[PDB]
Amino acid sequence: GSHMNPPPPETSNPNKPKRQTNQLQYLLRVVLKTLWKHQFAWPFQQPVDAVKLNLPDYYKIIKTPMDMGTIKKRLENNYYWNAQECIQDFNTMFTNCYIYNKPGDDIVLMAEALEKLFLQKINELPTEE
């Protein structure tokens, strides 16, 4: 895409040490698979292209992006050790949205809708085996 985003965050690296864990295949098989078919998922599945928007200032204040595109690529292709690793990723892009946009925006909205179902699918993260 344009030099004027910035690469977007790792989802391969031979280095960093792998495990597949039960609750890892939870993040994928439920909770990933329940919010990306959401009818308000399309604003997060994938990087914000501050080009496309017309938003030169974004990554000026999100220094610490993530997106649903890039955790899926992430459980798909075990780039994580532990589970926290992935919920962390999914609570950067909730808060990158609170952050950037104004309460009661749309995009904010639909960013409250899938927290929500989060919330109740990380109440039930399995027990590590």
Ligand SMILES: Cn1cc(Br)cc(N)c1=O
Contents of the next structure:
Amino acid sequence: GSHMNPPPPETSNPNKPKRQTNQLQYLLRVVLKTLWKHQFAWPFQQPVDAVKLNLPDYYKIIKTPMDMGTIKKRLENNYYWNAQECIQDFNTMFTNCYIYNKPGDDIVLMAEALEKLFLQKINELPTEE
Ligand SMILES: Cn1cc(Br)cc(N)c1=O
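Please give the corresponding structure for the form solved in complex with the named molecule, as opposed to the form solved without the named molecule shown earlier.
Below is the whole assembly, all chains and molecules, this chain first.
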């Protein structure tokens, strides 16, 4: 894509130690699955293309970009060590949305719908085996 967008967040790095936990499996099989398929998922399924969306200040404001495309790749490619790292990525995606966009903008209502499902699922994050 455009050189004016940053490189996406890292999804592969052999230097970072990896593990596959029952909680990370839940995060892919329940949490990501639930949000990915939601009618409102599409703005969150890949990094923000600030060029295409004509948001030139997006990456001036948002210095910790995250999206569900990146999280899906992280989960499928076993990038994470623990559930907290993955939960932190989802919370970053939501907070970035609420910081950048005006409250009650469509994008905000979409994030809110996903976040509601997210909280319900995360309260049921299984005990670590
Ligand atoms: C996350 N997200 C996605 C799209 Br599309 C447009 C935005 N303003 C945004 O914040």
